[PDB]
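Take a look at the following structure, please.
The complex appears here without one of its protein chains, the remainder shown in place.
Chain nomenclature is as follows: A, B and C, assigned in order of appearance, with residue numbering initiated at 1 for each chain independently.
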Amino acid sequence: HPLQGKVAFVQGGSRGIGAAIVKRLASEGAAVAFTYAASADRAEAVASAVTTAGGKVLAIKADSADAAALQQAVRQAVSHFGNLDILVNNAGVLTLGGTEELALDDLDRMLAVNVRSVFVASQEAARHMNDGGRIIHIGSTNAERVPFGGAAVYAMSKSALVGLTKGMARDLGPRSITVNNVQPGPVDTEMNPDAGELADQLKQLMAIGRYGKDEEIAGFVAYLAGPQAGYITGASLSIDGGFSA
Amino acid sequence: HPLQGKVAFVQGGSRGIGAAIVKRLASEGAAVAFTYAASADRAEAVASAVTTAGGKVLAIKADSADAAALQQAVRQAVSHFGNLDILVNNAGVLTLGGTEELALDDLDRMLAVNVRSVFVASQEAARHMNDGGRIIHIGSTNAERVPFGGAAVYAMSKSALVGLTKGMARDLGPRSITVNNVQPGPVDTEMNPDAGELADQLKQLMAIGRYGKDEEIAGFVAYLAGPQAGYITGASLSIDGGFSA
Amino acid sequence: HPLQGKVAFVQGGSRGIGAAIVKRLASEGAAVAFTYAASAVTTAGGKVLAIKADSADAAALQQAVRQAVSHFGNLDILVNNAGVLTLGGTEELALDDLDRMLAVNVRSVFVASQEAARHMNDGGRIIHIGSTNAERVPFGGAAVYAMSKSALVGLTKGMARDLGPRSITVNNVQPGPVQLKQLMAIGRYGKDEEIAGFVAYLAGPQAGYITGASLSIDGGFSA
Partner (left out) sequence: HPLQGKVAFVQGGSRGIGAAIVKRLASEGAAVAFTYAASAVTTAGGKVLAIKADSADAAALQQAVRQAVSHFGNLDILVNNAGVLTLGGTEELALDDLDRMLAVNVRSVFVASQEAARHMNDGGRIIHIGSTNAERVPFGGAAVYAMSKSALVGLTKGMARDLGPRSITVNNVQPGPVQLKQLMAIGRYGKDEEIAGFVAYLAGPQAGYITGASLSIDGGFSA
């Protein structure tokens, strides 16, 4: 239990990678607060995986596009569990569209969730975080390799986290708080399943030749959130089966 | 006159690097349309440097924070000069603030100008651009090196252009349109003068030991906008006196 | 003990980060052979073998790998931790120091990696120990050292492609320090054990999806 007595906040915790990160942090001993936007039933099942195995959880309905709601969620977590040790920013939106075609709505909405809300949550968490804490952003290997058309705005929104991570590391390093950007490649989830022509296309660009599992992203996040990782900061850390080699 | 007969649009053309880029493009033969937000007198002086030396210019008042106004400006340019060959996105806002302190207003406003409006202008220009065109974003060496606190949001907004540039290059490469991100280091302007303690601090991080000149950034932009640069695309290209070495 | 049944080879394992790596991998149940600088030492019933080999000597490295495999069977893990740092300006550095840094920091990395890959199980791990000087070189005197460490970026990327069909991962761990303090975001040096913890994470069963990556553990030196 390397996270015994720690408090973690996970933005986007109810499905896919987020759900795996909540369960893993809780299995190492952290109390976990997490946000969800879409499904109370998915959130309940995550919360039950935490407690059936003896961990402490708080599920919070909060739309990551709304600045006020996110800051409110972080304060609710703090009232519930005390000051945060760990923040994981896992909210993320994807719309495909060419430069000439993408709707201005769709732009605004990737910026809101993938960028704005990462800063918004980081700022409120930082105001209620213990020294020696950990902020982990979940980015994308598309910050580094964009092999096809249609991903301009999504890649932009994920490459934004590179500079964010560097400058946050400088800001919070005097408090011994680490800040890192985890950059996954394709991960097998319901909305991006390891099945079909697109997945084969993507697997051809990878050195490993399978999609990543949620548990593997979770494992890396947990390592970074842990007592062994106090010297890793400002880094963008690829976990992508060699997609970006 | 390597740009004879070309048409260029410069977002933020009335002062500093933007003014130097307008004059240089026009000196190589391009017709230049440029936007300004602040000062009609600065815009008039740029427009006069273009025409006194025999070039063609259109100055457009347009706030880069306003999506509609920017798209309108690009269409006004097109009505005036015909289809664009060259777009330069040089709008840029800077507020210093720590992660824990930065006002949410100030966040929203760097995102609006440094990120959103770069895409907005690129999209409208692309819809009215000739094959074999050129899109040049003006980023920052702070995408790569953030040596002090207080720059988290500014660095984020400039590292955003890395992924934007990569995915735009993929989108527009079939049309033989190049897309590149020029990343300057400190450049001597009125609001960031090469004088005082801050400049000395910054010069100590540089291999060259002076600030860059507007004309030097302009020279590089013009090279990239030219007939020799059709094979440079998707790149983030540092011009920073070794700030990021 | 997630490495029970596994075999590791550590190029440069007798002091500092190397020693910490050997100690951590052995504590997780690995058998470990390591080089330091034909002679070797071990313990009856123990699973740690110390082999004297200079990392500039191709023959001695290749032999060391083969001795490891003789004792323990195919490798699962290789860690390349040999390293030489000589400061010198471009105008002044002796060609002998150039050649030493190239031999140890670059050549021997490829030599060990090839020999290990000829005797490694599918699902294996190769971890190079690079440096944050590959990305940020803030002072003079480091040109050839930085060169030698930035070489590992390209190597890691191409080796990950080569070996990915065998499910072998290949990663480059880039430490910072283990005048500079103004550059460090967290205001201390790294501990050998910290570097070792990251190596052991990558060497283990949870890291099969991390490959081709250069991964910085440098207190924010390169931010």
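Following the convention adopted for this analysis, a contact is a pair of C-beta atoms (placed from the backbone, for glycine too) under 8 Å apart; a residue touches a chain by one contact, two chains touch by 3 or more.
Asker: Any idea which chains on screen the missing one touches?
Answerer: Taken over the complete structure, the missing chain's partners among displayed chains are A, B, C.
Asker: For the chain left out of this view, which of C:46, C:73, C:154 or C:187 touches it?
Answerer: C:154
Asker: Which residue, B:37, B:199 or B:237, contacts the hidden chain when the whole complex is considered?
Answerer: Answer from the full complex: B:237 touches the omitted chain.
Asker: Tell me which residue among C:54, C:162 or C:193 touches the hidden chain in the full complex.
Answerer: C:162
Asker: Considering the whole complex, which of C:65, C:146, C:173 or C:203 touches the chain not shown?
Answerer: Checking the options C:65, C:146, C:173 or C:203, the one contacting the hidden chain is C:146.
Asker: Per the definition of touch given earlier, which of C:40, C:84, C:85 or C:98 contacts the omitted chain?
Answerer: Of the listed residues, the one touching the omitted chain is C:98.
Asker: Touching the absent chain: which residues on chain A qualify?
Answerer: Residue positions of chain A that touch the missing chain: 145-147, 205, 244-245.
Asker: Applying the definition given at the start, please give the residues of chain B touching the unseen chain.
Answerer: These residues of chain B touch the chain that is not shown: 165-167, 169-170, 173-174, 176, 178, 185, 206-209, 212-213, 215-216, 219-220, 223, 228-235, 237-242, 244-245.
Asker: Considering the entire assembly, which residues of chain C contact the chain that has been omitted?
Answerer: Where chain C meets the chain not shown: residues 58, 89-91, 93, 95, 98-99, 102, 106-107, 110-111, 113-114, 117-118, 133-134, 136-155, 157-159, 161-163.
By definition in this document, only the chains that are shown with their structure count from here on.
Asker: Averaging over Cα atoms per chain, report the distance between chain A and chain C in Å.
Answerer: 30
Asker: Note the residues in chain A that touch 2 or more other chains, in rising order.
Answerer: 166-167, 169-170
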